[PDB]
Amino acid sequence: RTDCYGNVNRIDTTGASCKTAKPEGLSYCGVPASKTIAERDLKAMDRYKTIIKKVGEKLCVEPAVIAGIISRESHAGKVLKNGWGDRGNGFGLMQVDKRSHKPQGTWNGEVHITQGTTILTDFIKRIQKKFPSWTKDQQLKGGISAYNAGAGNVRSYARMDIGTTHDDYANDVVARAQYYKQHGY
């Protein structure tokens, strides 16, 4: 089962900001930019599809959401050096920060993906308690936004991403996820 925290197809999104799209070599931004970048990572992503779907079922989170996060954080591993981000702080496909959590497992295995996803479900649970009035799908978006900037940065539904990296974290991840949803995740 994977619908415990909501469904990504029901989340409204404005996609990648131009700050995310331009460095990727696109001349346009928004949802189409997020989907094109997600398509570029699909071959690399498919290498971990079995593990991503397995962890999603295990934690009751959509495999599509895990894939969107992996695409944004590390381009499915293409941007990493032995699992490390370019500043040496982030580890693995989902980039768990070594200064905040001791990384577990190999950089591209089930243990790592389970750790990153558990960190995500903890943020979703925090937003659920912080905004009880929101719908489940709204809380899922808040949860994803907090994965980048912390629960303290989510003060409203409308402006949640301001303050995240490129001011578009959840919006961009949700769009990439909607793409993976249509392509096997």
Given for the second form:
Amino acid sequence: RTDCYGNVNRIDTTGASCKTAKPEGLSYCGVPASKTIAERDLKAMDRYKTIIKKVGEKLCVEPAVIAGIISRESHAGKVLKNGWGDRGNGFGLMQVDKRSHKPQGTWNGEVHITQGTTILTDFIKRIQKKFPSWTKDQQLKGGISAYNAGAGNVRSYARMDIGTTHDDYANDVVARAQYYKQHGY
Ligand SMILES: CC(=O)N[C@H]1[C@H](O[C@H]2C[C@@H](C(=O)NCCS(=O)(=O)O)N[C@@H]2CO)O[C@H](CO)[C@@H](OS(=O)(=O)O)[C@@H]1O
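Can I have the other form now, the form deposited with ligand BUL bound, not the form solved without ligand BUL?
Okay, now the whole complex, with that chain kicking things off.
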């Protein structure tokens, strides 16, 4: 069961801002750019497809949502130095921030994906309490954007991502996720 917290395909997304898409070399932004980046990491991503599915089933989270964070956080490993982020604070495929969380397991194993998803799941739960009038789907998006900047940043539905990295964390990650549902996650 992977549908306890909402379904990614029902979320409304603007995709990647141009601060996210230009760096990567695209000439366009939004959902198209989001999906295109996502598609670039799929070969690499598919290297961990069994671990990403095991844990999503374990945690009642949608594997697409985990692949979306993994594509945005480290590019399914590609941009990491021994699982380290270039400023050295983030660790593993989901880039668990060591300042905030003592990292567990190896940078690309199940112990690491479980921990990243457990953190994701606590912020989703945190947003369900904060905003009970929202829909599950809306609380799932909130969770995802909180995953990057803290739940304190989720104040609203509509300007939740302002203050995240590139002002598009959950919009991006929600659009890459939708691409991975379409392709095996
Ligand atoms: C999973 C987790 O750690 N999420 C936390 C998130 O942290 C970001 C940092 C980034 C990252 O690693 N940046 C790269 C830095 S480096 O590699 O260049 O050095 N990877 C994480 C999600 O994107 O930041 C918060 C504080 O702003 C914490 O809210 S909190 O309120 O609970 O603090 C959330 O706990």
